[PDB]
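Okay, here we've got a single chain as structure tokens, the form solved without ligand 2AM, with questions on binding and movement later.
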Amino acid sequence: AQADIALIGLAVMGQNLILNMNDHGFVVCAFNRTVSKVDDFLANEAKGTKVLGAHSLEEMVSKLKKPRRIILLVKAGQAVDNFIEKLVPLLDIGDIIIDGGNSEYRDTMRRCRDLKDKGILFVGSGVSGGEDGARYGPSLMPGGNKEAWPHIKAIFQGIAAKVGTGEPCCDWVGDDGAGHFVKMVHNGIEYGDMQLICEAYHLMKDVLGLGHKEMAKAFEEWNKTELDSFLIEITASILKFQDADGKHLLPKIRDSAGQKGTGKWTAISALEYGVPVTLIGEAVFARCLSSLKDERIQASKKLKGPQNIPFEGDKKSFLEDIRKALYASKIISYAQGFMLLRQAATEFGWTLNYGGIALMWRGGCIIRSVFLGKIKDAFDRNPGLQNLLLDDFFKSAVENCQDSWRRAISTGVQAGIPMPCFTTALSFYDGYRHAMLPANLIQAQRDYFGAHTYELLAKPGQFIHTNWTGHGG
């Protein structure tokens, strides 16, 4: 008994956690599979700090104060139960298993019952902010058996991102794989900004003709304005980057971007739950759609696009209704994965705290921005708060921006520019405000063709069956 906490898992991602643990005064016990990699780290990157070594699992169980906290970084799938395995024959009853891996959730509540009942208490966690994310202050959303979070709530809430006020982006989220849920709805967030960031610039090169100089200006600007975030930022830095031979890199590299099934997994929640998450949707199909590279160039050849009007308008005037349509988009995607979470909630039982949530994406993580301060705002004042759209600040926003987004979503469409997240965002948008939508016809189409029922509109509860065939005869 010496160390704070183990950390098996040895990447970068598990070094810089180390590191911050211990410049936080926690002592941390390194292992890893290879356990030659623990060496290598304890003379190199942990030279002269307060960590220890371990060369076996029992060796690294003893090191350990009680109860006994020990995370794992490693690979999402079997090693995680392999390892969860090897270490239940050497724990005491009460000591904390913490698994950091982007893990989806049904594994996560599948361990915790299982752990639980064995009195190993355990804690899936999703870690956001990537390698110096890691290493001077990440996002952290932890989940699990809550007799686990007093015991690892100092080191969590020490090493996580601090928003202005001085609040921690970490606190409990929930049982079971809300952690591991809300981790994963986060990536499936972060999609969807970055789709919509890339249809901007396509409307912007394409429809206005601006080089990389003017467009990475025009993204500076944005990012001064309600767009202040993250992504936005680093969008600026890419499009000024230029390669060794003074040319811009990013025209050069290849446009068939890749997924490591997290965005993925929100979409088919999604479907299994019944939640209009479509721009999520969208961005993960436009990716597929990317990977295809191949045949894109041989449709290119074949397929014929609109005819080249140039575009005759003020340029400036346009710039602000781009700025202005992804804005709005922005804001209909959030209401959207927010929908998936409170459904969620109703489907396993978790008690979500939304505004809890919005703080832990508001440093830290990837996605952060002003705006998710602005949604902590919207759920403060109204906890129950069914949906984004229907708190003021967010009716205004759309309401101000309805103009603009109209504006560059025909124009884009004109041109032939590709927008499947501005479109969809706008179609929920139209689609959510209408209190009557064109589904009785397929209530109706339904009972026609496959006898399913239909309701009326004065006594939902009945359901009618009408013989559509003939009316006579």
Second form
Number of protein chains: 2
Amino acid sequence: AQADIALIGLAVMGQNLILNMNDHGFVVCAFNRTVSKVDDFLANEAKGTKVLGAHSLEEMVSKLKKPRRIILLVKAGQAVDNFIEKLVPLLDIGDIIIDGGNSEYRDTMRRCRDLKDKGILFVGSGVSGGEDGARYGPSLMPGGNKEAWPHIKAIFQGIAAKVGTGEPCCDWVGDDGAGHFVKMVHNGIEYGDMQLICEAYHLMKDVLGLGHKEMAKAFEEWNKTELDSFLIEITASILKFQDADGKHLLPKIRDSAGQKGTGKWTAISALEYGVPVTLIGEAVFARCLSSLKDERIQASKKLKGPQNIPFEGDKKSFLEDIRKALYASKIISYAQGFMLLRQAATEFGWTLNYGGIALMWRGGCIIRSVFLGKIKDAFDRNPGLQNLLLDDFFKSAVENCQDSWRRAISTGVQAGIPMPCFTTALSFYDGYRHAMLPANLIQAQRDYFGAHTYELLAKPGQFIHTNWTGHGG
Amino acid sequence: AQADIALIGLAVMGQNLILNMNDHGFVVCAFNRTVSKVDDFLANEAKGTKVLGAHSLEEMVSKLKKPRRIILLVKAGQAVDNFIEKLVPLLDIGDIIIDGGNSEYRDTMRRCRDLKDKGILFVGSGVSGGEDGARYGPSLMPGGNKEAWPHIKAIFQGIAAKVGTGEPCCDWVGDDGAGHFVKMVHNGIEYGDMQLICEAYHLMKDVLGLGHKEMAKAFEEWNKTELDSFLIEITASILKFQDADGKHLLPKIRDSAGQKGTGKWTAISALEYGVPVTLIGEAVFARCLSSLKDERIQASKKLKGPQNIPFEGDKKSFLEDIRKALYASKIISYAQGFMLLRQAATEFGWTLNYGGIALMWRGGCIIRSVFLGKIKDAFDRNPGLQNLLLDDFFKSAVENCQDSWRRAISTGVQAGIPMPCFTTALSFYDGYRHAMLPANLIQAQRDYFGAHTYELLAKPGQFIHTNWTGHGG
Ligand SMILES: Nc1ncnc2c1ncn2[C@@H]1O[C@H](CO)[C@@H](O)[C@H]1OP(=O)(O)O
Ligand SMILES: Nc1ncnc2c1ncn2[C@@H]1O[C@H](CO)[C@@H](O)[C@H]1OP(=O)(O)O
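With the form solved without ligand 2AM already on screen, would you show the form deposited with ligand 2AM bound?
Complete assembly follows, chain above in first position.
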């Protein structure tokens, strides 16, 4: 009994987190499967720190103060269960296991119940910000068994990133899967935000003909307006960056976007629960499309585009319009993001604090921005808000951005620039805005070809079946 | 031994199919869980037919000739397994169970293996066309254990719908889940096609101001061009239809589109396998959006649209442009549809005949059209075709439709008409066409914030990690 908490997982993320913990005055007993890495760590990155290193799970379990708090930061699916397998022999009733890997929300749900059943408090939390984030201030998103929360509270919130008015970007999210689900809606939104920038970039590059210096300059001006955000910032950096030969490196790298499943999963949940999260879906699908790199080289030789009409208009005005389109669209993506969180709250019965979450994403994580701030006080102003687009700030920000957004999409469309996410955003906006949508023809068709029944507009609730076929005959 | 085949499931679909079978000279032993319905059937719809009716599963099993062929048309998930449970006691090695319900492709895979294991040949087939389809000519899509196929061959293909040059719209699709998967990609495409028409309809209604008579007239002209298809045909009918008070009924019915999971599932599979099936996804999401009927009535009061600019242009030209937009988009949806089938062929290792499938969808089913014909001889012309957009017919049909399609989307966008599917279609087309897409910035960002590595454009295969952060400092 001396180590406050133990962490199993000596990858960069685990090391940088153990280190941040130590720096906040917590003694950490490090453990890892290939126990050599523990020794390596102790001699190297952890030399001179207060950290203890175990060489067996039972040693690690002995070094702990009660209630035993151990953390699993094992990149995993299977591997987490196996560790849980091992640990429960060794644990007293009331001991805590936190799982920091980006797990599947349902696995977390399962695990939490099972361990609760065997007296152990399980919490799964999303950790975000990468390795430099892990080191000095991660967003942390904990969920599972709330009994554990006062016991891990101090650590989690001390190592958490802290926003301007000193609050940690870490607070308990909710029951069983809540943290892990919140975590993966986050990565979904992250996918959305990067595709929106790729599109803004494609429009400046092919329609406006800007070279990468001017383009980087534009991204920098943008990081000083409503778009003050980490991804706009590093984008200006990436565009500026010059290689060993002094030429820009972005033109050099292969356009096949990789994935590690979390964004895919956000889109799949929307589909399962019937939540119209369209930009994230479009984003996952735009990464799928770039993977067909060979196929597009082939299609370009054969499929033809619109007649080339040079951009005839002011470049500065257009650069403005793209700013406004990227922003109005970002709003729609986030609005859809929290509709997902909302529906899952009804689905699994969790009382999520949407402003709490907005705040946990305001610092630490890759999607940090001034923007999550305005989202947070939309939900402070009204925590029962049904949809972000109805909060006056956003309601007005979109209303203002509106014909710049339409003018950016019309030119892109004319010019042949692929804009999946920019167009879904307009399509969702106009969809949601309309109190009468042609979905009644879907319904009339379905009652016709497949006997499905339909409701009248006045008298919701009663279902009718008209015999269309022949109106006599 | 007298009944050629047995069918368990006396719903309208089961009755109309038993009846079609009888008419092709096959003695059918009908069975159903609530055995009263068998008696009801025999006295009523089946009076004077050659059909036999059982009153117990073991009686039904006795009435059968060997190899025993029984059909499950039980609307189900669970219920099918339970019947399989019952039936295997009663069956000899080599007996066949066909499952006609719209099952989950993975359940079918499972079931096929398990029964193959116990000597029984399982085949799951999609059945399509509804009850009037079932009666006189269903599309049938069989998959599972090919040993069973010569034994059910005659029945299935005799009752199948037959296309102009006399071939049945039924041929063996492939192993284990192939039939059931082909079936559900079909319903996905069906979703796509109806949303595209709702959009064409929304543009004629709000931009062009056409009343439902003229609108119906337009749909009828369209069913006489490249768009000769059953859904264009019944749409003209639905628009014309007048209620008991002599006013049009479509304006009367509630715009909240229902779902029964199959379209949802197509979109989810695309996401799981990384296949960019975007219109179907947009379609499922446009039905999700209409379900939020109360929410849109609320949003309409608060969210504002573009400045109302009257349509200033020729109505007839625009009606043309919408024809061309609906068509170019339909092409992109189908092209994506078969990319899904293709990837599943690589995924589960089935040798699907894409022209075979195109043909099975050419008659019978709700998506029947002259269009599936041209798709079929694209794949006859080249069965190794990687993507429908590369077949000269389509390659040219899109090239022709192209600035009508762009002009329809630009006006819709300006006017505020929600067009999810029409815009994804342009976005996928321009995406696929481009041999260089901004996905390299996604990659550069990911190597920066999350150490993910990237390939150079020349030298695919080697992965680099640049330390961006500071280029010195
Ligand atoms: N199957 C497994 N069982 C337990 N831990 C594992 C594991 N697979 C991966 N991990 C751990 O996940 C962490 C990050 O990938 C590593 O510490 C790794 O342990 P290792 O050091 O033994 O590779
Ligand atoms: N749980 C169940 N077990 C077996 N058959 C079922 C069933 N649930 C639904 N079905 C059958 O599915 C068919 C179409 O819905 C019906 O014939 C129905 O039988 P029923 O006639 O007894 O309702």
